[PDB]
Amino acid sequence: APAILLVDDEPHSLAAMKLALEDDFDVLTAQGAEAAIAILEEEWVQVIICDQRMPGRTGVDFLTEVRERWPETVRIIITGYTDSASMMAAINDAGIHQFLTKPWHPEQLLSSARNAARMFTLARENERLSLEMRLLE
């Protein structure tokens, strides 16, 4: 089953985000870029959420690669420093579907999640149709 990947510098927000999502998804949790890529390798992930402000590699960077190695996956950013334009510009260059502000309702953040996974589902069958309708003409 498609899980959701949680990826934040502070391990107390993975803790939280899980508490909000665990009841509905298979939550996978990671402490940063290099740590997280490791997981998308072995396990299968429908949705990912990433702190932007992370030591070393930023969410936007991580996700530029995620976009490249596993394009079937819905990418989401999350920020408490929502006031910066540089960021948004960065966000707006990458293929980032949702950007959430901190903090967040257990039921809101939960929703941006159910979204992503419904979306991941559309996109994924939206492609099936194609592939299979190619194998006709």
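If you superpose the two forms and keep the largest set of C-alpha atoms that fall within 1.5 Å, you have the rigid core. Numbering follows the first chain given and starts at 1. What changes on going to the form deposited in another entry:
- Core-superposed comparison between the two forms: the Cα of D23 travels less than 2 Å.
- When the rigid core is held fixed, the Cα atom of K102 travels 2 angstroms or more between the two forms.
- Core-superposed comparison between the two forms: the Cα of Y81 travels 2 Å or more.
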Second form
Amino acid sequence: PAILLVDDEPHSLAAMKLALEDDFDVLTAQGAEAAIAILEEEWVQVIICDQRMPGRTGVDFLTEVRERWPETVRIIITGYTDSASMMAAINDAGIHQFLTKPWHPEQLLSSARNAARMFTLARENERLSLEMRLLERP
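Rather than the form deposited in one PDB entry that you just supplied, could I have the structure of the form deposited in another entry?
Shown next is a single chain and nothing more.
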């Protein structure tokens, strides 16, 4: 499964991809609409999304991601981290973690890695419980 990166600024998006591509299959989208189109057509484990994008915010986009694909791990990149209403929006959206803007490359890589590990572990957990049913009960 892929990591999907969503950012309206082309150079930030490209640099984020460069940071992760030695470690993950990377998909990129320039805004929420393009990103939803990718989520509908590709298998995505982790979404990293910028908050401030023309039109639809990352918080709104990721709120919908939680609704339609709740097993994804969802990360938001945002400034105004000292804003209690920003923080309350991120929590209400079911976002797993935020990264402070300008995103820190080492921190982004670690978040993507920890996020992918949580995803793998949860998918393996499900598979193991299902295989136990195919062994137990008859």
